[PDB]
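> One-letter residues, chain by chain:
There are 2 protein chains.
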Amino acid sequence: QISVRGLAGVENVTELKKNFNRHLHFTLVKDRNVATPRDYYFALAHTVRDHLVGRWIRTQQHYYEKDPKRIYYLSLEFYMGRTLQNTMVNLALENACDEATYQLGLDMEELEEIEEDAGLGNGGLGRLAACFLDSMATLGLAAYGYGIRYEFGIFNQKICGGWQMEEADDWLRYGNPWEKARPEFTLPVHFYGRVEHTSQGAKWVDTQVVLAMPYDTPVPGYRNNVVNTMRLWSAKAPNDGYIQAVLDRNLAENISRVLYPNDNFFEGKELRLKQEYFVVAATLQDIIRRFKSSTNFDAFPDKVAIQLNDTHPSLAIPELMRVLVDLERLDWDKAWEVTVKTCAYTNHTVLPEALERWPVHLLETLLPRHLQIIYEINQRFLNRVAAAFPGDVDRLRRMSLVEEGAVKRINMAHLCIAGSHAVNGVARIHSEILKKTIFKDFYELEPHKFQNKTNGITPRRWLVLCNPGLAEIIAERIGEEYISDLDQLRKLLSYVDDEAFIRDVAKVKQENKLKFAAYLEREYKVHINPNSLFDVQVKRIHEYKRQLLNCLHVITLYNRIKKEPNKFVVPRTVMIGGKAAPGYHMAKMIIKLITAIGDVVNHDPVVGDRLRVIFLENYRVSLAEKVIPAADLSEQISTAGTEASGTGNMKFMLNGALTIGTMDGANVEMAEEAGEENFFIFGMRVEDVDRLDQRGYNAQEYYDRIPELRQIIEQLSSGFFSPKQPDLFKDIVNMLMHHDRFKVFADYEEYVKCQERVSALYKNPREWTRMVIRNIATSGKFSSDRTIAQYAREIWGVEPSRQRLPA
Amino acid sequence: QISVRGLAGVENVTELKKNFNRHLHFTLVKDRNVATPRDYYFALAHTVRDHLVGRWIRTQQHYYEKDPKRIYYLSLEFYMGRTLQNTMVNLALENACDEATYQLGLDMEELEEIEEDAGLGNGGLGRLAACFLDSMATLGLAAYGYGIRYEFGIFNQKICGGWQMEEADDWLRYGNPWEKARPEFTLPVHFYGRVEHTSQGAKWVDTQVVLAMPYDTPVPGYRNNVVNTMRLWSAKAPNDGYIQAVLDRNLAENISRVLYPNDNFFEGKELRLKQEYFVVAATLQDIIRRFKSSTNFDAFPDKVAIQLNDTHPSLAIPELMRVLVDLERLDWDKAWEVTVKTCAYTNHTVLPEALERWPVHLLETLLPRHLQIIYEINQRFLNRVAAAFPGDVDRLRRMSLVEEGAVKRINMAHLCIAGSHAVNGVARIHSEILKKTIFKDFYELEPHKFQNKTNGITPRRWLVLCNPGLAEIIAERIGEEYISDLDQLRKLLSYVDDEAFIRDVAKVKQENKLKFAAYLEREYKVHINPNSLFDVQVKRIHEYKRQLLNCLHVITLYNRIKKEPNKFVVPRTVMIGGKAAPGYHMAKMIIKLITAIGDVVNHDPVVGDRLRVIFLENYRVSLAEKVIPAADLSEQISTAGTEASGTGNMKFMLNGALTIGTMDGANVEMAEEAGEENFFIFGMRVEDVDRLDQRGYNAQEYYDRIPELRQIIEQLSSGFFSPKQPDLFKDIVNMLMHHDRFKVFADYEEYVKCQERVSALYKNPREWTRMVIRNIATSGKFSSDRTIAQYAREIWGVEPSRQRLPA
Ligand SMILES: N=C1NC(=O)[C@]2(O[C@H](CO)[C@@H](O)[C@H](O)[C@H]2O)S1
Ligand SMILES: N=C1NC(=O)[C@]2(O[C@H](CO)[C@@H](O)[C@H](O)[C@H]2O)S1
Ligand SMILES: *Cc1c(COP(=O)(O)O)cnc(C)c1O
Ligand SMILES: *Cc1c(COP(=O)(O)O)cnc(C)c1O
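Order-wise, the sequence lines are chains A and A'. A prime marks a further copy of an entry chain. What the first sequence shows, in the deposited numbering, is residues 12 to 251, 261 to 314, 324 to 836, in sequence order. What the second sequence shows, in the deposited numbering, is residues 12 to 251, 261 to 314, 324 to 836, in sequence order.
Treat the hints loosely; a few may be bogus.
No more than 27 Å apart at the CA atoms, straight line, and that leaves these computed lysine-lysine pairs for DSSO-like [to be verified]:
1) A':792 x A:41
2) A:41 x A':536
3) A:41 x A':591
4) A:41 x A:464
5) A:191 x A:294
6) A:41 x A':214
7) A:169 x A:80
If you only want the chain A side, here are some residues facing chain A', beta carbon under 10 Å, derived [claimed, not checked]:
8) 39
9) 41
10) 45
11) 163
12) 227
13) 507
14) 508
15) 615
I should point out that these hints are in silico values taken from the structure, not numbers from a laboratory. Where is the CB? At the ideal position from N, CA and C, for every residue including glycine.
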């Protein structure tokens, strides 16, 4: 149908139909009379998977022959979403499969909806790892993603009576056709025990053993025949009254059972620590095995890079030291040099509650030898600090890996900086914040370590896959090369006055909105005006992200309409979605507030179809692929200094929405790329937030001086949005008035004014679309191909390549 | 190579090689450079599995079109063993696959050894169900085996310091290529809750739900293109703080986690009761669904037969009543008629400790509605008894389903008899014992219900598969038809004086013994004389089976040699193997005694290679396939009246061993078929045991009057076989002298004398072999094809067929 989806060659289509029928018969053991839509999905998945296999085997043997430096991306989260369409896109099989399935009397898009998301992440950090794997494969890097194969991923969210309920995400229930179990590469992981000091050195003994069984998933590059591996570990009990002993195997296997559902919040639970060590211990043995199968560990950093995704895999540092010192018998100083040159650390947030600080008593019991190694690292590190800054005793305590207090804790971020040759933030403003505030001491000691690597998103999933209509009209003008060279979108600036292109851009958006409006009615029986401005905020629910600020604007619009009902206003559909961590009460109250506002606004006859408020249930990767292409306005409204980067922001920019946002995270760079005239910027800058903190934030001041704000708070308190439970939102009001860390009231006036300017521009379709074209055209910097190329050249010391392997 | 293994056609071999390479590449994602022997096994298994699929689909659609009466064999155990070779044998693919793999540079027998046993049974009862599935498919019956897919089967036995250690049988670790998950047929099973009585009847409410997910395994008939299904249920939690809630899903899923390892012993544990209801509830819903997809339940017994394998699935009776009365709204009397005509019950033992008697308080809590239905059944049943035998109040209490006492219990055997139209024992003597003793009251009320169905074994697995050499020399004389018509072996009687046949029979045995003697040295580094008489007792370790009587003989032989070292004796290798239930102390002591005797006997220089005692570790189906063909003497020495049938006995008879045995179980019929002159019969008959019980068994009498026996007991007590632990076997001696339920001493003299006659005959190879030929020739009755044909005609009301479906 459309060119960017590839060729539907007669032979290809014939062969796909044949192999589809083969799998339906031999693999699924079905015939067309009893086959369910799910059977058809699986037959297609197996058919597409067959085309990966040759390339996968050839890629891995190519790496063995050439022996390039290997990149190991360690993460507790990989938010992959669905795999079928992505694989077709990267293998240029989409049109052929569409044709093949059409000839068999099937609708391929219907089959695609059957696939479960691989929801092995919480949000942005997990999704970044997924985009990164795609870009590493597309750039021909010998890269491996290493993580945990959670039996249960991020919970499915149901909304009951306006409240979030959590349901287990049993994503493996029907099987996963993409993974290949590799039980032959099973490795032991040790826990507990004690340290014995001998003549030959330290020995870690009397441990409990859990087995780590790997499952490999292929990661195809974009039309380059490279297929890399994501290896995820699953916990298995070793095979050594009777019934209870067998049942108790569950205890060991619980390590890989479930993803911790906390976004930007540290929970110091033992099971989480076990997960972190489990992935690190299994992965490092695998790395070392692969390295030896190429004694001389001097060359280890030349053949191995380990990227630590946040501090979650920080135990890699002392584990690598443990193996090199206790098992390989290297001297400490040599082992340390190898470790530092091998490891690099990426920080993803400065929120204090997100920082991992593990109680010493936990490490003492679970990982006694690692604790010893951490103390040794700390002593040697602090000796360097003392030598560089003689007499500065407070710096010593500020920089220590060990935090003193009620309970002693290890600061894992400090461990990561000490043990890595490179430390990066994920957007320019964030990386500057790291050097100026939380890691200032470390920057002063080792400034060469500190870098920036601004985040990105893969344009395969986030344009070609989710928005083929837009990909096509772009390709019609500038060709297909931009899909793996997103900077080429700049060429679209010469079409900003092109009447045909303006018309096409606007038509594609309208089509996307109609499709999404239909999806809502079918799957959720809710009716929306497709001619309204689609105002979308989708991301995890958190105070710092300020869904509450959005809520205040929505209530402002509602109150203004009620005050002057017969005055024209630009119709809006305000869509908010995202999951709250199960134990985060305020986030759950925010979800309830949004639905409560919807209940009032959506049933007020005077409002009509001029304002609608919808809570998008179960926001996840597959839903992002639907809603983002349909959005007109992207809400990126975190308090300045809190969103390290954001990546949702980049997705909306690429898909033809305009952005209303603070100068926070990557928004700063997005505005810089597009021009501030083409961005709806409002609110405090970081410096303004600092000034307010110095004199003290008093929310009452804003309440006292802004009558429209006062009205809203009075409505909330009095039970306007909760008639039968008048005090339901008192916690929200109390927080806003007395304990608001994120200064919601301080940005309210500028936000509302800025939103009026959004409405003004939307009334002029042509100028709206021209500004959109200016955004899409300057979105190139935010390709994860650019991000990964920078990691490769500036941290890993390897050169990317766009050359293809033989098919 | 040999004809009974089928044709190796050039096209077949070419196609098998092609599909093998296809699976290695696409299914296993390997190439020949990195492929492990296990990968090669899986490639072959998938290749052979492909040939089942068409036949499997066609068989099931054939049953749908013809709508024959369906047979449902309900069992908690299916001891399947390995599947690869069996499938090849039944599809006539063995030689073709051997050729194909040979041309690829692989040894097929080596690949076969990689497959794990499906050890979903304890021993004889579980293996009977497996043989029965094979025969039902071979006889073209529309039959389904229904059970539980245990994650862990019968434990792997290791011997450490002469003691049994148990290891978890993680049989699914590398995957099971034979099964197909059918998540679309998942069914809810209910537990706990309470009964509510309404105007519309009883309602079972507030239950906890566990999901039952079926996995289907194909069961191929012998070269008839029939492929039936064994459906095994796996327990799954439904999808509805957070972390602990997810982890607690394990509790529901524990139902299908592990096989209870008790052989002939009832353990009244709640988890076991849950397993029993789980299989029954899921299976009956599946049966009813299939029945409705052909309201009028009058025809239910014409289209459905349910065979209860022991009392383990006895809850089928009240569950069927529950569904018919509570859900389908049939009146009680009609529901009962349907239930009785649908259900039939097979009793497998009379040992009192094996009988299921469930505490009422357990049923009350777990299955409150079933308890109510059981009481109602009991009241109506006892009203019939009272009417038939007026005034006989003791009969009423003897026949009650409810047993009074300290704890009230339900007698599940009584429930089964009341609710079934047919009750059978498993050998003629056993069925007579049922009518004369334990179910005498029931027989008097309903004599028409009571039947015999003498057990059998499948000659596919137990001759063609495990002993191709013997199958071939038989086929050379009388053709191949005997493999599905075992009565044709009678034709071998006309070769009993044929010098060539005598030579061939003896050569095949010698070859089997050499092969097994080699297996011992390779896998267990133990050296045995292959010219010795192979004296084998393999079966679960139990007092009633009297491994101890064997031990007494072995020590007698040893003492006689030590007394007259330079006298000639027929050399023997005495092999004993089998598992003990983990909580059965005496059985574990027996294993320790056997190894302790071996330690002394095997290292005594004066004995030399004249006597060896070996404990066969980890006795299981795959080991039975090796040792049984190598055996000369089969030990079947249970106390008369205790072994309901035995089936190991039949396996040895078919494979050219002579039998030393009591007149117990099927031994009686085996002796009857072969002639008592061709059997080594010894010991008390049932009537003799009864006489001894009447006057009281005094073991001291035998100790006092048999000096050879006295010496052995003195050796045991004094520490001759345990120097460093002199009193190790005091429990054994104490039991033998004072608390021996199985009268070991009473059969000692006759056993030893009988064993002397065995040795005498073995010294005359020609006459030994002629007697062997007379056994093999009369083994036809003990084909499970004969057994199943009798079930079909006399219980299920269906006609077997040897006609083949189209290929
Ligand atoms: N636990 C986190 N989750 C995120 O999304 C974080 O990482 C993302 C990827 O770098 C960033 O874009 C987000 O700003 C940050 O909150 S940190
Ligand atoms: N729990 C049991 N295990 C058996 O082997 C039993 O059933 C077999 C099959 O009918 C019989 O051959 C055995 O004699 C009997 O012990 S009963
Ligand atoms: C991109 C993405 C995120 C991150 O969005 P932000 O707005 O940057 O927080 C979260 N969840 C999903 C499902 C995503 O696709
Ligand atoms: C046949 C068989 C049995 C039953 O043997 P008996 O001697 O009848 O108790 C037990 N275990 C296995 C593995 C078998 O193959």
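> For every hint, state whether the structure bears it out.
Tested hints:
1. Distance restraint check for residue 792 (chain A') and residue 41 (chain A): the Cα-Cα separation of roughly 60 Å exceeds the 27 Å cut-off, and the hinted pair is therefore not satisfied.
2. Between the alpha carbons of residue 41 (chain A) and residue 536 (chain A') the distance comes to roughly 48 Å, so the proposed pair goes past 27 Å and is violated.
3. Between residue 41 (chain A) and residue 591 (chain A') the alpha-carbon distance is near 68 Å, which puts this suggested pair outside the 27 Å criterion.
4. Taking the CA atoms of residue 41 (chain A) and residue 464 (chain A), the gap is near 61 Å; set against the 27 Å cutoff, the hint is violated.
5. A hinted pair counts as satisfied when its Cα atoms are at most 27 Å apart, and residue 191 (chain A) with residue 294 (chain A) qualifies at roughly 24 Å.
6. A C-alpha spacing of about 38 Å is found between residue 41 (chain A) and residue 214 (chain A'), which places the hinted pair above 27 Å, so the restraint is violated.
7. Between residue 169 (chain A) and residue 80 (chain A), the direct Cα distance comes to roughly 45 Å. Violation of the 27 Å bound is thereby established for this hinted pair.
8. With a cut of 10 Å, the hint placing residue 39 (chain A) at the interface with chain A' holds, because the nearest CB-to-CB distance is about 8 Å.
9. Annotation: interface hint on residue 41 (chain A) holds; nearest CB of chain A' at approximately 8 Å, less than 10 Å.
10. For residue 45 (chain A), the interface hint holds, the least distance from its beta-carbon to any beta-carbon of chain A' being 9 Å, beneath 10 Å.
11. With 10 Å as the threshold, the beta carbon of residue 163 (chain A) comes within range of chain A', its nearest partner Cβ sitting at about 5 Å, so the hint holds.
12. Evaluation of the residue 227 (chain A) hint against chain A' yields a held restraint, the C-beta minimum of about 8 Å falling below 10 Å.
13. Hint status for residue 507 (chain A) relative to chain A': violated, with the closest Cβ pair at about 38 Å, above 10 Å.
14. For residue 508 (chain A), the suggested interface contact is broken, since its CB lies about 35 Å from the closest CB of chain A', more than 10 Å.
15. A least Cβ separation of about 16 Å between residue 615 (chain A) and chain A' goes past the 10 Å threshold, and the interface hint is therefore violated.
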